[PDB]
Amino acid sequence: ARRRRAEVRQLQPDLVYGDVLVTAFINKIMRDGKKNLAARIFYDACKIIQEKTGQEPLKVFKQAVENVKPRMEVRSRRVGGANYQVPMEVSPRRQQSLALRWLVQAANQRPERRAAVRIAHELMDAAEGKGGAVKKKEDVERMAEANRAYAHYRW
Amino acid sequence: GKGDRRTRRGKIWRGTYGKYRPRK
Amino acid sequence: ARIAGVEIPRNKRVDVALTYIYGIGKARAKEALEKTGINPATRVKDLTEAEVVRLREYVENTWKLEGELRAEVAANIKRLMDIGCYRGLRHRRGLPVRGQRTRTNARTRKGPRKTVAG
Amino acid sequence: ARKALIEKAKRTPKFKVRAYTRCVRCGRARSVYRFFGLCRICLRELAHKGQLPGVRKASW
Amino acid sequence: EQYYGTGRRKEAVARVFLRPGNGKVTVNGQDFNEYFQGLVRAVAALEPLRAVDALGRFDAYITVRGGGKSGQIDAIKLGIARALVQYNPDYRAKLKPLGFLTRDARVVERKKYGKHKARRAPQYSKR
Amino acid sequence: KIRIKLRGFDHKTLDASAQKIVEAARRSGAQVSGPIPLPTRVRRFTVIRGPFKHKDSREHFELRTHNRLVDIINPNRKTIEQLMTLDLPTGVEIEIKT
Amino acid sequence: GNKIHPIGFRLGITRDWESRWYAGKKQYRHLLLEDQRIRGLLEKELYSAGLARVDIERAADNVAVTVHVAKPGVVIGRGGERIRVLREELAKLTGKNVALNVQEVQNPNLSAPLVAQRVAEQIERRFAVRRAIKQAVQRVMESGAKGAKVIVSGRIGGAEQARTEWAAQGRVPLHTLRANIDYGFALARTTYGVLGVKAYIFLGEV
Amino acid sequence: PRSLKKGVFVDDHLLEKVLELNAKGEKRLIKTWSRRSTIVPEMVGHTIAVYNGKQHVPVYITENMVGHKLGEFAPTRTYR
RNA sequence: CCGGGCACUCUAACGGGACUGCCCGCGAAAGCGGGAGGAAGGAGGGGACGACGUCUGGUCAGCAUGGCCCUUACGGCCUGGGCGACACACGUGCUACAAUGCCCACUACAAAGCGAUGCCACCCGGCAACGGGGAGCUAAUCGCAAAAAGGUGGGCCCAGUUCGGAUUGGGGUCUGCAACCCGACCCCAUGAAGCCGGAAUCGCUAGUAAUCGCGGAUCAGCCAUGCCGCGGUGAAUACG
Ligand SMILES: [Zn+2]
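Chains as they are written, first to last, in my numbering: chain A, 2 to 156; chain B, 426 to 449; chain C, 15 to 132; chain D, 5 to 64; chain E, 151 to 277; chain F, 264 to 361; chain G, -4 to 201; chain H, 10 to 89.
Read the hints as simulated data drawn from the structure, not as lab findings.
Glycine included, every Cβ here is placed at the ideal spot set by N, Cα and C.
Do not rely on the hints blindly, as some may be mistaken.
[To be verified] Derived DSBU-like pairs (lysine-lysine); straight-line CA-CA distance at most 35 Å:
no., chain 1, residue 1, chain 2, residue 2
1, A, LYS137, E, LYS246
2, B, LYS449, B, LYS427
3, A, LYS53, C, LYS26
[As the list claims (entries may be wrong)] Some chain F residues flagged as far from chain E (calculated, every beta-carbon gap over 10 Å):
no., residue
4, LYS264
5, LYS275
6, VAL295
7, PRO298
8, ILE299
9, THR309
10, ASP319
11, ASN339
12, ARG340
13, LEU351
14, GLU358
Hey, can you work out the whole structure from these sequences and the hints?
So, in structure tokens, the structure goes:
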């Protein structure tokens, strides 16, 4: 990005609910590019998140992700003969991506022998305070507010 | 998987006609 | 269920199981349920009694498996030896036999990277 | 294109599976495109003008 | 009675014959929801028509042959969008601001030499 | 109904050297099967632009074989002597077979 | 290690082919070797007059040929003396009704191919290296011309260290894919080692 | 895995130099630069000379040594 | 498939179309954020195209030419062997290590190409490679051939496993005089390593990366997973 502040792939909502995140999300779940089963997985992920629970997975994927979505992290610069991990927040879209993605990661670093499950099941423990994702989120986040000893480099 | 042989996907990647792969 | 000499397939789909016998792969895996007719999609941990037999009866009396076989080949290659065939070389040297290079990947028939210098 | 090796102009080998194409102009022994009898070399600088019609700087 | 509005995209051709009625639509042979296994996609291909809502007003028959399904579903997307301007050539109070009428030229890149795929450049080591 | 194979290297010449092959004889019997285009078959090829080593390059060359036909419909005999063995086509080619 | 043939990056435009005909699979694959004999023959000797560009326009069995010369008089003879000797011996290997036609090469100083051999010659006649080169552009630039060029090489003047002289004048829109630009390369054997100049020639415009 | 098809191959120009040798007793060794030819029965005791690329070596061939071709005994390389 | 019919894609031939021309903003100007209309725009996407010169880059082994040097022979014909060795080290790849997966069956959309000693619809023996018999095409109208990913169903249930196919024993077709060294292809058996890779490190900013499959090239066949192309499906992310 030596020039443009980038035009950001501004996607669209979705056939379902009608909110962007999905297609985005799915895309993450997607692999090798077959949006097909991808889409499926995110739709059927709602199948057990409406079979093991009633709460419309509308706010789940919402109230859930909003917990994964960080608000801090690190990035070190070798000022004086050393790489100092500086503490600082995050932007919307990223904080978002991180959040959104973090799921599908810890979403497969799971047990459930079935895909759609791993997915669905993750979303579950998602909005809970005990989500594979929310761990990393917390983990990475907590890195800061800890190294707060260096936010004088603030940036 | 490709290079497997004796299986559709064997006569796919390699592309051939033996037993496992006939003519419908 | 005990079939071929020193052989017992179990709890796994039969068509599958059998493969567990020296002289048997997914191929004769059906040519066995053929002349035997024995239902294919079943579990050895479910075969009848006149069924298990029809296999052992067929499989054992129809081919050449297990020890009896593993020993025909050994005695068979032990053959390429004695004489002066190129093949014996690759065996008497434990290297590739059906036309391959040795300057590189020949490790499967060669053994663990025995490095020196170069 | 060494005459001591361009004798293939024999098409009289001894066993048909022995006619090594050869370039018509460059001679060599390989790369010798069949359609144009010559080589891949020539062909370029060649067609570059017209000893090879229909041709055209294949863009697209 | 009858109108038109061709509409193609990606690399798929699509004839879009629309007329009055309800919602009995078809494609190359089988109807629509038949030659396209209720793929989350298709559903939107017919979204254009649903501009200022209707569906149960017009209908059609579309023999969109050429390329592959993703494209197919899309080629349609245009016709059944370019179709509501043969009848209502003033149906763009919310048609253009949708763009379901903008032939997207997203196409494929030719395999340049050296690389492996118009862009996909091969591995090199030690520099 | 007749048939004429207007194939060749050039593009609008195979067109021209058979674009005069039209009204010439559609004036005594009937019309024409029209001046038909037809998908052109091209032959690409490429080779190491250099005489020794050098991947990436090789340079490209096509060679487009175009097609055309025409054919005069209901050319009642004398409706053919109008454009008999009279022409100009040079590095162009055309053949008949109805 | 860069830049390619000028007519090459043109053929399909502003500069027709030599053998400008058409064939097919079971053909062509020799309608070129034999068409290159239209060269090895109808050019192995004309040089001392034309050798311009022998583009052929054959059409089934028959052949139109055309063997251009800047010196239309050394082609013929006694109203047609040399337009026979080999003009038929042109068929003494390939008759196929292959004829011969010549045209008025208006200015050899607008046909670098010649200008090159010219230099080549003057490069053989030992003419002053660069001079006849600066003369080249002139002679040429004079003939209503536009651009020029002459790029000799290898141990010029029979020198030791292999070099490659320059020289050319006003306008050489090589990159321009639309200039009626001409080329034409001349070799020139050498008592000390082959040389060879390119000599380019820009002309007209659209 | 073997291959020859319907009609085994053997250079038919070393055979006359063999079905004749044992057609009146035997011999002590044959000399022909041909390994492309199959080894056959009667070739027992014959003892042939197949090439190497320079040197020449014996072959007191036998039936067990039949399905195999003459060349299957010409050690070309030289390891260790 | 039979008429009939160009309005539909389509084919290849031409022309048209986009120039910051229109309004707002700041402007000295060029012109940049930003809208209207437009299928598309501010170079809409990608190509062919690579300056004066640089390293004295590369091969006299394609050819060409300025010498050291050959001639009973480092020039010439041929057969076999060699270029394909193997304690090893590196580069580039193919195929995996599986369940968003694998296997079977049913069915279905691509585009650019290629075929007279040549591509082969069909029928028949055949598990099969393949041999025999045989329609048309002189190739938009025959065919290579079908695509594959996908979809509907069902088989498998986390297992070094129906994952994965290296190695190996046997039988057999094909091209070839001829495939032992040294050929691919089918079938049966054997079923190896690998459970996603240390330090370090390669590519890619969109229809791109990832993936699937198709084609030709030289060529008897072929050691091709490599080369040059075609589309199917189709992302991520760029604070700076
Ligand atoms: Zn050449």
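Query raised in the report: So which hints don't hold here, by number, going up?
Result: Violated hints: 1, 9 and 10; rest satisfied.
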